[PDB]
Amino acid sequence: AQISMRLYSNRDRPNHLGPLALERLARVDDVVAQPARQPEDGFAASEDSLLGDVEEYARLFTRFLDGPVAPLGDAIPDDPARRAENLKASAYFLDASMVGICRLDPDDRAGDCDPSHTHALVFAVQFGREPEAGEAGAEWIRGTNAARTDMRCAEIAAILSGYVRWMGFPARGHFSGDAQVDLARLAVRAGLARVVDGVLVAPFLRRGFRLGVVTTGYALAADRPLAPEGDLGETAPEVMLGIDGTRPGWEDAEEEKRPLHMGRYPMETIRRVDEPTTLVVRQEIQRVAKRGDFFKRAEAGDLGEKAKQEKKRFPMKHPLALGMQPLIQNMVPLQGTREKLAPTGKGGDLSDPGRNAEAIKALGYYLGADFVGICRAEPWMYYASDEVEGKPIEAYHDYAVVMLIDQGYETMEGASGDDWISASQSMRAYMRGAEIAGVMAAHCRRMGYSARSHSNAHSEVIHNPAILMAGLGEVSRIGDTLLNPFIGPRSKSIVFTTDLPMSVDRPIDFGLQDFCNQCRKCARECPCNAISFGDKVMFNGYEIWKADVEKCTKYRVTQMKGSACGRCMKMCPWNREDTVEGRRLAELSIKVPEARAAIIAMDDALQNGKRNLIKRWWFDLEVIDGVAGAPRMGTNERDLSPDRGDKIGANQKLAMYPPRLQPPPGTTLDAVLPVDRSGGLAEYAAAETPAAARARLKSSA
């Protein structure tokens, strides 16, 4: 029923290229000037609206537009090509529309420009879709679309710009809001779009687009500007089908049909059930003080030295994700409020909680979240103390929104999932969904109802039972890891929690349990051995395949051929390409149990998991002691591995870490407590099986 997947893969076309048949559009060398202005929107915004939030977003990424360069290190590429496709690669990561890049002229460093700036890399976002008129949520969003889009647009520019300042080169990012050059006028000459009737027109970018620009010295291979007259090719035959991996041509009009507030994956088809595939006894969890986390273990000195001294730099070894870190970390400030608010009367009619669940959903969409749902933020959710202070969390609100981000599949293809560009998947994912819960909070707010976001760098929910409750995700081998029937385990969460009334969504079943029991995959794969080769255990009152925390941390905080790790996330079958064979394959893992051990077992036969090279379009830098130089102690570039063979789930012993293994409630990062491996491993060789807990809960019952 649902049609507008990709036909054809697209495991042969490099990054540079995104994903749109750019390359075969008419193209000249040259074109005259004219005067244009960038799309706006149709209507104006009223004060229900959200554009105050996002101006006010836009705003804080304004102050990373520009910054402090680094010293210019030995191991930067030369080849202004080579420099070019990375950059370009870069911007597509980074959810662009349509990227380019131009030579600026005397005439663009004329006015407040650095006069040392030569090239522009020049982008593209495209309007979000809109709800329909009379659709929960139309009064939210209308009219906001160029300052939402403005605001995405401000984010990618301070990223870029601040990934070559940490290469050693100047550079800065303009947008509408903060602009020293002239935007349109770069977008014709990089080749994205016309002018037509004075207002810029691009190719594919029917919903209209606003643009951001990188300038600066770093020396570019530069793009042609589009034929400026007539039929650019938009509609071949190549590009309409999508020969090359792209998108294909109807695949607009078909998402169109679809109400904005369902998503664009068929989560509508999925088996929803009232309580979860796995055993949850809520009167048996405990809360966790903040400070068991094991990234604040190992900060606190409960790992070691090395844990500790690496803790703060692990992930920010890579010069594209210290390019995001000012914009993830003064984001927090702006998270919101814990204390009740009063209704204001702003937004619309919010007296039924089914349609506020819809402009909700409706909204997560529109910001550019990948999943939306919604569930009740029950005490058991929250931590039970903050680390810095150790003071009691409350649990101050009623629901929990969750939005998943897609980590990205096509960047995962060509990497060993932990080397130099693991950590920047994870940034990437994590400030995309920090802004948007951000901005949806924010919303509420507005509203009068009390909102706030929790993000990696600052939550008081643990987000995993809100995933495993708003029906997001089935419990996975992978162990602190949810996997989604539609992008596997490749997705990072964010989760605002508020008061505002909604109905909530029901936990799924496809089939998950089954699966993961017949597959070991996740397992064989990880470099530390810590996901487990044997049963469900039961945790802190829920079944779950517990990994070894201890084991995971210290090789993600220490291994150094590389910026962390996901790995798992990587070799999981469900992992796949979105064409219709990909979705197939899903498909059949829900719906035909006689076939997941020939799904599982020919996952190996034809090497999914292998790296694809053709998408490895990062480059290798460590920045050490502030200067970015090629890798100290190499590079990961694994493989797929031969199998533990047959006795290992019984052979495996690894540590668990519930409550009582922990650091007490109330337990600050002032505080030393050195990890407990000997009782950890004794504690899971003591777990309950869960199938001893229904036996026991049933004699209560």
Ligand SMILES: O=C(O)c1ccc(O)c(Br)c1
The other form holds:
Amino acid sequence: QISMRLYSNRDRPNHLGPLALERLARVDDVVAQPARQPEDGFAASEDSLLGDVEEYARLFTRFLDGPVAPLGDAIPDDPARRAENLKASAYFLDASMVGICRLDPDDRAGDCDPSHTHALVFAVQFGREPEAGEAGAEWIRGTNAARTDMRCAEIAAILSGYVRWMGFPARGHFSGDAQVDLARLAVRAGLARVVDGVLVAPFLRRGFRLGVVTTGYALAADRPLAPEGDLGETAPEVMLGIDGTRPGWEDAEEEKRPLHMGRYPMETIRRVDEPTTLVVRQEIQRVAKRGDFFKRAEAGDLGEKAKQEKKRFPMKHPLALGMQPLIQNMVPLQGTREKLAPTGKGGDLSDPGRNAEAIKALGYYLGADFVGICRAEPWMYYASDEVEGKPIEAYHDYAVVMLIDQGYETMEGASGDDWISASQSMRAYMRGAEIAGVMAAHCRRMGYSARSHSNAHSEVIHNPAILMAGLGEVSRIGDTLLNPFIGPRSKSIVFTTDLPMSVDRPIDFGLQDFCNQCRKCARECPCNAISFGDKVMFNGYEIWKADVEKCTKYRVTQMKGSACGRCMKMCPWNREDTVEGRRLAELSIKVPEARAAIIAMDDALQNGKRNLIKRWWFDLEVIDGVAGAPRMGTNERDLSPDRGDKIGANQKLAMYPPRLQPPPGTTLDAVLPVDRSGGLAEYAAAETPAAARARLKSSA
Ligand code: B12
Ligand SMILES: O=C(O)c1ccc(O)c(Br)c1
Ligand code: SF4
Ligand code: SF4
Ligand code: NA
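Could you drop in the structure for the form solved in complex with 3 bromo 4 hydroxybenzoic acid (QSB)? We only have the form solved without 3 bromo 4 hydroxybenzoic acid (QSB) so far.
Entire complex below, previous chain first.
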């Protein structure tokens, strides 16, 4: 695979994006002319996704405008900084291309707010579609504009809400609900030119759709593209992406892989029938959802401060607040548990192997980074819900598991526990829930029960589904599985369904031996919650059990950031998507003799250091509905020194298997103070995986 960037973007600020837009011919003004956005080249049937992406577009539309917070005294004045931060925000949310332009009278003369002076214009590129005759082509053909419009409305809604929380009135616009001329503003903002009355954007050869945020929050404006002639898209500096931008050949190369195979070469990873760590199904107890340690925090199980902060701790930052409406209001759409009657829509559904390819292709078309399929085994479902305490049924046969990359470049400039951490969680959560909600809907359209499991509402535990779907291995981080290509830098989304699909197999890329020689995540955890010792048996399976009490307490309670994810950032597998980055992963997998060296040089080269160029976000904590400067400061952590050579023997963590959890049926209205002394003793008594294998063998 030769599409990886040759050159690093480590010195490229995020407001510049992944495309070398700063190398295109531009001029101060251009004469406006009629233009429409690109459209599909075919129509969509009743077999098609179309109805579902339109529903979610309509849902996001109700968050294009909303309440405006009081103006604090911490919002930077400089329009240039405002421009970069908002541009970077849009790229964070996966805009393909971003620009800014000034609104003039003719725009404010419509239903648009008359106090609006500037427009943030962004484009999202059409998704890749299955080739004719491929599995799922009928589900997708003709849905690209609506599909891309949904994504635009999403981003517009988040960004508009983001500015509104900084105290500035703002309004999102897209084809489905726009008060301004979208095409006209895209040309003025320098994203596109006009060919035969249709917009044409450089680099976005697949087509695109637009979104816009109009606001009185003043921004530095960009300049339109040179109206005629070659823009320089194929100049040598741009073709090779010398500044760390998308190579000029990557599109043509990527488009040679079948869409259902995803972008990362998972087909090259070794497969095994059973996971690389022991799983003893007959010994795995199901856990009350009330045993979720956030649910425990919420009920008072972890003290009053954890209970107080449980609601706000991930919403301290205005960007995450812009995502909350979408997150919470997608929940009522997650799907059904009852059996459905196959409706005859969706084409030929008799080949489970073709069904899996269509589902994977469908996920990648919608924005997933990884798709895997496994059976939703009953021990993967929670025993009981946390609100009413009623039993949860194992109501679906299959689990579709998708990984959303949390974002390398943002995490590179962060501490892992500063004011953007929860925003990296919530973005991946918001994006996965959207994609999974759309896919479950389509399954239900075809007459196959399906329900998604999101951050706001899940009835399965994602982890074992990530394992069985072959998307990660057990890693030292504990409650996080590690993928060979994006390491631990992910949020998973799962949706269960009865749609017959061929399942994937667990993967084996050598991580057990690698984590056995590595301690970086454990060394860098601010509250020492990650284990330095051997794997233990836990509720019937082998795992590195982190101390989930200490982690929960720190994420909900620490006041120099919003939550934490520092362990993802520090892991050596958290790497840039470069030629040398992939090769370091390749070597880690194929050359065991080189692992110790890679683990050491990761420190010697100061990997994990904060890259100040990538720190694009504002430090804003919302207190009493008003964004202000962080009341207590901001985490700015740097590489830490070794703990003892004896820390694996001395560190003592608490574990909470079902025995030390709220029993099935317990609700949030009961309180069960965390029995830490019992969790410490429990951990000391945990069977070692070696003893479990001996014990199982004696009944084989
Ligand atoms: C609440 C919660 C936490 C809590 C508490 C978890 C807990 N154990 O109580 C803390 C602990 C606060 C937490 C921490 C983080 N977690 Co969290 N956690 C959750 C959440 C929402 C609940 C887990 C749960 O069901 N209850 C707790 C009970 C079931 O815990 P348990 O009995 O000890 O079992 C745990 C593990 O043993 C594992 N597991 C259970 N059965 C089996 C069986 C096998 C064979 C294996 C291998 C594993 C496994 O799953 C449980 C995860 O907590 C899930 C989301 C979800 N719906 O699953 C994620 C989730 C697992 N965590 C996730 C992440 C990303 C994080 C963080 C990195 C935060 C961040 N910035 O992203 C940190 C890392 C923590 C670490 N050191 O590993 C991701 C992991 C994805 C992945 N790639 O593996 C999840 C899946 C959310 C998601 N949608 O992606 N979060
Ligand atoms: O319930 C919450 O507040 C919550 C749930 C999931 C999650 O990843 C985070 Br961060 C917070
Ligand atoms: S284990 Fe928890 S507290 Fe420690 S670095 Fe990871 S997210 Fe932060
Ligand atoms: S930091 Fe090292 S030990 Fe921790 S998960 Fe990553 S590779 Fe494994
Ligand atoms: Na790293």
